[PDB]
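In structure tokens, one chain follows: the form deposited in one PDB entry.
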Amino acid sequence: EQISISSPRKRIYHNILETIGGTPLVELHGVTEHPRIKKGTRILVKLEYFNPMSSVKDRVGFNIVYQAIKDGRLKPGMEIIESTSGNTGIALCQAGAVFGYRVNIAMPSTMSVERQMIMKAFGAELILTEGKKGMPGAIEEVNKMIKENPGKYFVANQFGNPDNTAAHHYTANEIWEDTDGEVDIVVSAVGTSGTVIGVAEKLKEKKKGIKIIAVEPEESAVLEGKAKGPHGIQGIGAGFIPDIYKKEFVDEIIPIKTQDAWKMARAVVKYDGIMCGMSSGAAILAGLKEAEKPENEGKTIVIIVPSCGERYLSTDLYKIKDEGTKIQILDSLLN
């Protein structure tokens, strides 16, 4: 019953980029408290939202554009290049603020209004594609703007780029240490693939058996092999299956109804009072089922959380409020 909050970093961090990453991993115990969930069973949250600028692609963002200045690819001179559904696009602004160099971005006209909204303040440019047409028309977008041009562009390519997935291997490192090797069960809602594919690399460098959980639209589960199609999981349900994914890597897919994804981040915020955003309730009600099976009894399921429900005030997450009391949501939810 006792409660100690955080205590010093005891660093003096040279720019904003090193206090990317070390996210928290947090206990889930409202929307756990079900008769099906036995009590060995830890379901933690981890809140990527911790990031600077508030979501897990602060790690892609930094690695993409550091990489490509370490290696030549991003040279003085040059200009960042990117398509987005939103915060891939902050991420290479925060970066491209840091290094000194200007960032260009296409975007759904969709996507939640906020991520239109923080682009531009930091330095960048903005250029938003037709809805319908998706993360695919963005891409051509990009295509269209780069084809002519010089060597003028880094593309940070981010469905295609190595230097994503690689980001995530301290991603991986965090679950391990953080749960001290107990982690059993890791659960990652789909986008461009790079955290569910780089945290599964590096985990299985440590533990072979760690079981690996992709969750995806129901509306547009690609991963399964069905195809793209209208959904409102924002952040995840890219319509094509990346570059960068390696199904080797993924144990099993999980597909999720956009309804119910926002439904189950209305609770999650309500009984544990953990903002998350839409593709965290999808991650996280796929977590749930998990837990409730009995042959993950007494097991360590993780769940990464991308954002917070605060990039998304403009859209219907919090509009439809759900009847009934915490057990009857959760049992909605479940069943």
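Residue numbers count along the first chain shown, from 1. Whichever C-alpha set is largest while still superposing within 1.5 Å between the two forms counts as the rigid core. Compared with the form deposited in another entry:
- After superposition on the rigid core, the C-alpha displacement between these two forms reaches 2 Å or more for just one residue among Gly86, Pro242, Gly96, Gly134, namely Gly134.
- Core-superposed comparison between these two forms: the CA of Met107 exceeds or equals a 2 Å shift.
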Contents of the next structure:
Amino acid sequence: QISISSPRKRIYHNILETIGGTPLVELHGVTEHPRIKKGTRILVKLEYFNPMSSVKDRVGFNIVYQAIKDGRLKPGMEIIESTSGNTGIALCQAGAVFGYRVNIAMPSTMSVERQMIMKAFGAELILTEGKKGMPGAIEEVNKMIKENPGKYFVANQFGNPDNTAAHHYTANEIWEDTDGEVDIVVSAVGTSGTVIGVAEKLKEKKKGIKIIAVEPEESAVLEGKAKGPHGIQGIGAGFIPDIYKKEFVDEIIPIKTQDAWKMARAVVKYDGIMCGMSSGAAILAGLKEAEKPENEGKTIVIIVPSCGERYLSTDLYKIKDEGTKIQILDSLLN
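Could you give the coordinates for the form deposited in another entry, as opposed to the form deposited in one PDB entry above?
If you are looking for partners or other molecules, they are not here, because only the chain is given.
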């Protein structure tokens, strides 16, 4: 028997109130492996259920809403951030609701898709020199702040603890949804707001929970390697964010870009869940935990930051995989 969702029994005052309370869903297709025991539970928390389909919805909202409550953002000021991704979308959504102008700086070469999304929300785009990358976008933001003191609130996603703090809700949802049974949480790391915010709130609930960060093998900076070229969009920032707190992270798992994409392909094919690239990374790390003998019967929760639809212009679904399901899962796990 299969029951769909019941009424929410709420009228939301605006779209920001629909942020969070994201669903926790059992994996079955990709967990069908002789070495993963029946009792081991592998669950994915689908952050693309947020109104703009990513985990960053929580971040854009909390950063802006807190700044407004704080007086760090007040009438006549504008929001600014250098970002070409989900954070920019999330800031645009918050700014639209609150009635604050949003300025997003990114290299002109970037996501013309996400550019259009940001413009649709009424953002002013600051398109910087393509060859200078994100450093060039940050550079222009700093120049604008210098020339206009008092005008701008900078979101500062990698240094702002309102990022981290938003994920106390993420943690509370994992705790409640699992009835306190969660044993391990796996999170692919971009800003690190999720892994740290979740870790600190869950540790408050149960010290024994294992917290696993995931990063690209090609840019394993949390593990002390250097910034390198990789293809896992949304993670591998190439530095350790100021909001990172190593004390709260129990293990770091490196995942190859190609394996993350291949995992994401298997998850949509065998579970009907259209996860993004970083989710492929997290889920593979989670499956690797799930086959460990010391983890038999444990409840493993894996954060899924975004949906595959935001990746159609990428190479994510371009490579075809050879073999049967078990062949594909063996190739990922070996």
